[PDB]
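Shown here is one chain on its own, the form deposited without its partner chain, set out as structure tokens.
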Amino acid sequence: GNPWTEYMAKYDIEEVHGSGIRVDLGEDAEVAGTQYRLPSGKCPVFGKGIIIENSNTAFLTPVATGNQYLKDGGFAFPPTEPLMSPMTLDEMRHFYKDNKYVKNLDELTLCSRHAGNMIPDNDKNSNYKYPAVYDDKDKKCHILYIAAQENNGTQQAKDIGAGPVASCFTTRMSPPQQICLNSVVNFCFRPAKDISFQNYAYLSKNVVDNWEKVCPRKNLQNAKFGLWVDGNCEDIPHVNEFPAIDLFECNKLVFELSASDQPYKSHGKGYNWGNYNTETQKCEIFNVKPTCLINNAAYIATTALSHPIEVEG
């Protein structure tokens, strides 16, 4: 007897996303006998990036390679021959022009599939696929070489997402081609929604083709998450109030408290939702799936997955 069922489906994080948000390590994959953790969420995480502590290096900088003094880098794939990352949207469309399955794929899905094309060469039967970040401003897809997302002070490295030490990769696309790093690969960090990440989307290998329709992106203006009980949309019974100067800060707080696979698997369970009161500047965070919306002109409904700025009616 709930008329909101279909509308609210995209806010059922456990179902539509199915993995952690702050830290997504929801699946395991073997590469040459060794198990690794890797992101597996089905929805893009809008505005998510990685902040490297004691550094000005943007995390989309390619991972450091070589042995040079002051060697420094980020998380993205280093140069390869041919160059696989970063790749603009038009370069991806031209690169896959002979693959008729990539037609009509939107920017984010194409980027996730591009990142999933590289197989750690030591195991052709491996399901290991690297995650990616799409920059909607420059229209660039960055394949992440490091799948780890948090390290604030070996198996314990594997437990945070340390990927396989891989220098050569085989493409899943046919005809197969082997692509190796031009050099050998050799810090503490945390995920966050920083204002400088506003145009970024963090993408696991599992981002679904139809994310635009099933996943949350825009925050809901004049709306408040509730629970459907006996013909009425009741308030969430238990919330944690936090001060938030605007919607962005509230979305940032929801993201920090959201489902996390950091040491093991949340499967999407967590403080993933927030009702932001724009009059009292309060962020009301909760960990129960909402099943209806309340009409309240002072509220904006947000989720950890949602873009931290964009709103809709």
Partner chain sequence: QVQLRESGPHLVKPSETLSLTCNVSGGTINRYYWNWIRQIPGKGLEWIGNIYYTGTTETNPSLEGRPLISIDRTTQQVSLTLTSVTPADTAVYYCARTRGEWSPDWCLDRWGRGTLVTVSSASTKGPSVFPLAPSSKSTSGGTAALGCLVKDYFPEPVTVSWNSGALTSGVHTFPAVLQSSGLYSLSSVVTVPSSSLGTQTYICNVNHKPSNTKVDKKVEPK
The other form holds:
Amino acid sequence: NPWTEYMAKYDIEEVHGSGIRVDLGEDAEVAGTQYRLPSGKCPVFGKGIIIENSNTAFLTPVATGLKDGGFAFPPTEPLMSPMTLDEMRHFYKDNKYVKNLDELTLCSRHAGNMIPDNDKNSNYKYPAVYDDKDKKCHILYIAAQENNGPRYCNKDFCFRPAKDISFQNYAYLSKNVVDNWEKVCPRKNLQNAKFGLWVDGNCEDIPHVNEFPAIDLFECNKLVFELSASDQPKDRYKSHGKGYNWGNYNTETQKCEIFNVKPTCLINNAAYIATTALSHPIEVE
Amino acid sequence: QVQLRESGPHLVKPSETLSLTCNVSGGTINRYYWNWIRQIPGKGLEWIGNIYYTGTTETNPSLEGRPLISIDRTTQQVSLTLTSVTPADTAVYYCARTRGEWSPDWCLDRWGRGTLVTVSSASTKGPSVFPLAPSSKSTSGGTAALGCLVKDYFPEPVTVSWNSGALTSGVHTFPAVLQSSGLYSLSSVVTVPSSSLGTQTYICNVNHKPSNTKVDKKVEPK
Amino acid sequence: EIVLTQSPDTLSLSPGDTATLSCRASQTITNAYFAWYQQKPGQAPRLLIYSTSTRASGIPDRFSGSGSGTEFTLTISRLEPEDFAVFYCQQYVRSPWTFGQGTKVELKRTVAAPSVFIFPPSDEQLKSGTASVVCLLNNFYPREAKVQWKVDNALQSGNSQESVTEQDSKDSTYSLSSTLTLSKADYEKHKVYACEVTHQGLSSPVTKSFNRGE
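Any chance you could show the form solved in complex with its partner chain after that form deposited without its partner chain?
Every chain and every other molecule in the complex is listed next, the one we just looked at coming first.
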């Protein structure tokens, strides 16, 4: 199959290998207590956390002294989060490879160097969110992504992960974000292209898809993110990247064709845009 | 049961800024898109802009970027900030809520009562209620017609009730007219039994929000 | 923007009849993003159908929407008095969201002649230097009517205005109010003030008049 090299980054179960909507693909112990931890190897472009029971942004620093704080790192001296791209590179000026590393990888590694709650030898590494409008790297103290159930969130934190135009310039980063994600991770939606399966030397349509109405490319990406692999309901729950991570958006018919099988070839249809749950909800190439 | 209510000025000068507020009560603002809709007398309904509780807003390019929409989650009130207003902006403004979050549910199933906003250089003036007294020229046999004339007020709107809402049957409150003087005149009438004129008191209650004036006028036969 | 055009602009249908409303679009509209609305006087629009066919909550099955591409129609099976209102179509495929100009559906009823009343200017207004004479036409159908003012048999022009109420909620009739305004100086120079009314419910024109304080 000639598309093997090209379509490799769309084998999300391999390049990413963890939940997308909720990323809790690994476990780690901090001070003797085991906690769940984001482990996806690819950045989740456009993903953010919405706090529905408070007027607080999830990148606000956690409270220190509750509902008035967010999911971000507590203030520190010297300050570690939030740190701009320029601040990060001068903070690691001595290291050679920080010059090479890009914004997202540097932000992920900067968060990984934060010692979790004075546990020098803990596997835990805080996840990070990078803003490309402010060029700020936000280290997330709270690695949780969703707590929204009728048990105690029908009437009030209560929060959910989602794609939003507000989160347009955000990139959710786990500790395992690879430094070569530009080549092995999906970021941009493919214009005039449609995912398909390569069978018997031909690129055919995805055999079975779920068709949902979608008014634009952004909504189709939001739908795909909602139905994508997650490591939380609503090791048994760990998706390992298995899920409805791909969608073919038909612009003319305003349909969002979502499927749970890794695509292996592309089809040229000028009315279609190929999107993945990890892809940026707006950018195109 | 979610109730939406608009609040704002009734008169705004040209080139000023029009600020309106939509107090959302009885339901959450989350997962819903909040709109501002305007119908100009002479045209149909017009869409102004959107806002999601995340902060995302879309506006109508026809308004030329004048409208600015914001949302306060703590107070659950949605605001409209329209700059460089013009008399053409004179209209009734509604805030409407979409059926849901996803695109097929973007129909507007929840609406406010709407609030009238007039854009003009004219100044606010209170009304003058005059009695339309019953007479032999207003009594057809056993039935009598009476009313009170709300004249020379600006701007709209005016509301009229009779006997503090006790008298409703036979009442007719007509649309106002814009006189050549630039002020509005309105008439409200009611038909009553001809025999009750000398034993029943009829009072018309005229309410004028722009000037904050409430006036009660006793209409007596003459 | 997408332009929506409705037709017909007006309809006079008796209760029990079927109303067909049409809405045309300047470009194709996906079925999932078309809606119909009902608006009564003094009230905000109420949603009837969305997704071109899905009836809103609590809407009777008399209402039925349909269409595809650039053609959409709204049908009301058996009109009853509570249904008569103005109806709008809407599209939300591409921003800006747009509406049709609307269709007014009047309730056709039997002809009723107006009851004419005339009110002299109040002594209170006269003390302010102005005199207004009000002529009232009560509970008539159809809406078409004509009022002519005559001061001392002189037809008046340019010094009167009129307005008409909406269709009454009980008898589906109209009422008209006409105000003749003069300065008290002009008012006191004349004696006879008459209101002349012509309507198809009247065999011949009716005139209600009075003498100034006599």
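Numbering follows the first chain given and starts at 1. Here, rigid core means the biggest group of C-alpha atoms that superpose within 1.5 Å across both forms.
A.B. asks: Looking at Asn117, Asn199, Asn122, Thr109, which has a Cα shift of 2 angstroms or more between the two forms when the rigid core is held fixed?
C.D. replies: Everything else stays below 2 Å; the exception is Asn122.
A.B. asks: Does the C-alpha of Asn287 move 2 Å or more between the two forms once the rigid core is lined up?
C.D. replies: No, shifts by less than 2 Å.
A.B. asks: Please say whether, between the two forms, the C-alpha of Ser55 moves by 2 Å or more once the core is aligned.
C.D. replies: The answer is yes, as the C-alpha of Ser55 shifts between the two forms by 2 Å or more after core alignment.
A.B. asks: Looking at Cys141, what is the CA displacement between the two forms after core superposition, in angstrom?
C.D. replies: It moves 0.0 Å at the C-alpha.
A.B. asks: Rigid core superposed, I'd like the Cα shift of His238 between the two forms in Å.
C.D. replies: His238 is displaced by 1.1 Å at its C-alpha.
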